[PDB]
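Chemist: Below, each chain spelled out in residue letters.
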Amino acid sequence: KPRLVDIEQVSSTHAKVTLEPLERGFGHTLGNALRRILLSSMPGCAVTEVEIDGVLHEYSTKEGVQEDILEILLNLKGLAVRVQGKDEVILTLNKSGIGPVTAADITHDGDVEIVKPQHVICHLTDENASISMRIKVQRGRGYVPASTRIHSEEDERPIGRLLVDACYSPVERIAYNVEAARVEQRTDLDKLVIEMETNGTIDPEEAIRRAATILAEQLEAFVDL
Amino acid sequence: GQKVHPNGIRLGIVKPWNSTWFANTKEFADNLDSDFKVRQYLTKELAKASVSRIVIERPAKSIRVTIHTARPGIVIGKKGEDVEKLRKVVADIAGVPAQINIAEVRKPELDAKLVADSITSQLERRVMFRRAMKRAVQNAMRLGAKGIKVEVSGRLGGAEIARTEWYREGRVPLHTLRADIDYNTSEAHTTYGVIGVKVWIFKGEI
Amino acid sequence: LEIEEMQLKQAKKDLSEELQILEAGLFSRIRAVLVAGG
Amino acid sequence: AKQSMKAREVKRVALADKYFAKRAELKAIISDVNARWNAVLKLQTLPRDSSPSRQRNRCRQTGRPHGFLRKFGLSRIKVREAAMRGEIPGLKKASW
Amino acid sequence: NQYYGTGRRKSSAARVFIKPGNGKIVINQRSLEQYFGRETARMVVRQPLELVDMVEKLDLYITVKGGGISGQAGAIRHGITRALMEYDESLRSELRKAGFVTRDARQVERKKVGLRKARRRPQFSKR
Amino acid sequence: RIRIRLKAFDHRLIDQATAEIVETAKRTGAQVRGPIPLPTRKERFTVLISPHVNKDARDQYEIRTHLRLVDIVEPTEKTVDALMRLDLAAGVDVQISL
RNA sequence: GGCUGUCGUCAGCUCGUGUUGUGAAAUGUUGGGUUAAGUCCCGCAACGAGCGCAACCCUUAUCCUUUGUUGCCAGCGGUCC
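Here the protein sequences line up with chains V, C, X, N, I and J, keeping their order. The number in the entry's author numbering is simply the position in the first sequence, starting from 1, with 9 added. FYI, the entry's author numbering numbers position 199 of the second sequence as 199, with every residue one higher than the one before it. The number in the entry's author numbering is simply the position in the third sequence, starting from 1, with 945 added. Using the entry's author numbering, the letters of the fourth sequence correspond one by one to residues 1 to 35, 40 to 100. The number in the entry's author numbering is simply the position in the fifth sequence, starting from 1, with 2 added. The number in the entry's author numbering is simply the position in the sixth sequence, starting from 1, with 4 added.
Some hints here could point you the wrong way.
[To be verified] With a Cα cut of at most 25 Å, we get these calculated SDA-like pairs of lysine to any residue:
1. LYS957(X) to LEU133(V)
2. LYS145(V) to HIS117(V)
3. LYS71(V) to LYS85(C)
4. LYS200(V) to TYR177(V)
5. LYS86(V) to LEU133(V)
6. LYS71(V) to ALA103(C)
[What the hints assert, rightly or not] Below, a sample of chain V positions facing chain J; criterion: calculated Cβ distance under 7 Å:
7. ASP114
8. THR116
9. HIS117
10. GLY119
11. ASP120
[To be verified] Reference listing, derived: stretches of chain C covered by chain N, where coverage requires no fewer than 3 residues with Cβ under 8 Å from a Cβ of chain N:
12. 2 to 11
13. 32 to 46
14. 191 to 200
Honestly, the hints are just simulated from the structure, not real lab data. For each residue, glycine too, the CB sits at the ideal point set by N, CA and C.
Please construct the entire structure, taking both the sequences and the accompanying hints into account.
Modeler: Pasting the structure below:
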């Protein structure tokens, strides 16, 4: 079996994990299976519901903002968030004045972690102009669009609550590379090096461990039949 | 009399309070008071607004107030008419920055309040109690629901001998706390007497 | 009426914005010369 | 409850404030061991309705003075209704 | 080592600690004879003890504080009997036979509106 | 050490309102000695049901005032300044005295 | 009108359909056991259903998980005990 070690951490987002001792056919197999798991099945947190002040629907324009409500909703999807203890958390963006909204600006409460202080949400282009939107975050498995979310709602009077396409996937890109190695007493052994890029809401060591656990639960039923 | 309030009896489970907030003996005294003034008034200028309930949240010197209504648009105003007025009327009435969020009533035929305020209004329109009481209320059974018990007080029609009426569909086991029912009253001061009415809508079980 | 009220408020805002840029700027410029001279 | 009655109380409040509530305090000093000037004791009679003891509460909703409870300021049945209608925060039947 | 035994009855709280040896008994810095001794019938506390040869057997360090004599004495009996069961989990039958292993669920009663004392209904000689 | 108190009318709110602190108000900076329940202040009332007469009527009500302590046992700045960022709860008295 | 007491916490009160009599009406719901109870089990020209009774609510009677301030002190220690 392989021993997981040697974590070459490049940045907060990017990383390069390696698994040195692997059999002749164990380089491609696990790596390709993990690639299929990591991209498809990856638990995470992202924006779902948003309610903006002085805005009844999307496809309108707010006073004192150059970026439209439809354009803001798209920027909200790109914003990275990671929740430790809480399942769902509602943040509030209290800010005003001439200039760009850095990225944080929200009141820091509970277990909500923020990894983006530069990520642009919107630009304020007037003195008295003000914005105060309550943003909701939800936990899930995969990609859930806005079209699916209006079916089994049952009474959704909040018209201000403009819906967004949810994206519960931490990985941005994945790439494995198998290279030959000569360990302490060996003939022909592959070295699986898994290069992984993330949004920054979950660790690479934590993501790869959770991905392998999902495959074990699936393989558990296949033994006894 | 010999019946427990089918709503208060359940105020603990399966039934939320139409006014949830904290307060101490000090302000509590005048607190529930203002809530009455504001709530009583919100109906005066919004009777035909077809308003159901009227919750009242209270964090700290800023009550929320939610006017549930089958007719939201009319309770909205000319893109600011209604809202502004009310939202402002809550001025000295509570002496605090009081907001106001409207809630849309889904299927106004299953909500007690409405089904009650309606039948009573029809009565005031010179209409046979039996007809409306039965049919004009029977609808609550077509849009779904399982059981609806109506009740019209006495003095119905030309008569000095007040009489109560029955008429009920499905099942209304008001003897079950885990039953959850939509009960509400409604008067109708007509040419003579005050023909009352009570709506008992059994919206599913647990 | 709500639309025409909003259209009237926006019309008063747009034309007043012209009178505040030009007419405030012109009024302060004429007044500044009068203070220097007098 | 009457309309006239439900009015007097209202005033009995005002006067019992603009004066006694803060002014009686003054004579309360002399008319007490604070070393009891007769004049001060006599001056005590300037008003009448101006007294914190001349108030019988009365239902804050209707007016019925019988069945008051500083908590809700209401009178029996009023508390009864408001309670069942949930109009009163956190308050349901009591059983134990 | 030691063996704990809660035990209680009628708003009471018993806390007896059975140690191997030392037939001495103390309840809240007091003697089982100086706190209870010479009472109504506080011979119940040391009842389960002697029930199986004590004194020169083990020790009893109690800490009760709930309910009056009768009850406060009943709680201990429950804690003790419960306790011994620890030192030997094969003597339950014996203690149960007497009825110590079980607690006196029979608590006080709550008064009731209309009545005058939860049960004592007001008289009406003329009806 | 700053002490915090939460007294609501039920767990439906006193719960989330408290867990919030332990979660948010307590990350690494704040110490937090622990969330305690504390005795509940029970205040019931008896009201005559029938209007006039029928003494044998009466109805009993009650308002349970649920409370919680917890309190943070670490007066820092980075974590002791992330609590104000929480003022929701339509009914959760939070006496933040020291 | 709204609200309350009372028979009475009594086990009672009915409906649909079917069948029976010219009809009011009956049957069901009576009978045999049984239960706190129109509770249940057989029977039976009735087959099913609703309001009830029961059960959901609280509270008290054991233990478990969890948190440990103003509550606790089993051990160890220091005692202005």
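Chemist: Does each hint fit the structure? Answer for all of them.
Modeler: Okay, the hints, checked on the actual structure:
1. Between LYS957(X) and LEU133(V) the alpha-carbon distance is near 23 Å, which keeps this suggested pair within the 25 Å criterion.
2. For the given pair, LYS145(V) sits about 14 Å from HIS117(V) by alpha-carbon distance, which is consistent with the 25 Å threshold.
3. A C-alpha spacing of about 23 Å is found between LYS71(V) and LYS85(C), which places the hinted pair at or below 25 Å, so the restraint holds.
4. Between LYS200(V) and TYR177(V) the CA atoms are separated by roughly 31 Å; this puts the pair beyond 25 Å, and the hint is violated.
5. For the given pair, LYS86(V) sits about 20 Å from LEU133(V) by alpha-carbon distance, which is consistent with the 25 Å threshold.
6. Under the criterion of a C-alpha separation no larger than 25 Å, the hint pairing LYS71(V) with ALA103(C) is consistent with the structure, at around 24 Å.
7. A distance limit of 7 Å between C-beta atoms decides the matter here; for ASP114(V) the minimum to chain J is near 11 Å, and the interface restraint is violated.
8. With a cut of 7 Å, the hint placing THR116(V) at the interface with chain J holds, because the nearest CB-to-CB distance is about 3 Å.
9. Checking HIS117(V) against chain J by beta carbon gives a least distance of about 5 Å; that is within 7 Å, so the hint holds.
10. With its C-beta approaching chain J no nearer than about 3 Å, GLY119(V) sits inside the 7 Å limit, and its interface hint holds.
11. Interface restraint check: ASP120(V) against chain J, minimum CB-CB distance 4 Å, threshold 7 Å, status holds.
12. A stretch counts as covered by a chain when three or more of its residues have a beta carbon under 8 Å from one of that chain; for the region 2 to 11 of chain C and chain N the count is 5, and the coverage holds.
13. Note: the region 32 to 46 of chain C has 5 residues with beta-carbon separation from chain N under 8 Å; the three-residue rule is met and the coverage holds.
14. Look at the region 191 to 200 of chain C against chain N: 0 of its residues bring a Cβ nearer than 8 Å to a Cβ of that chain, fewer than three, so the hint is violated.
Taken one by one, the earlier hints fail for this structure at numbers 4, 7 and 14, listed in ascending order.
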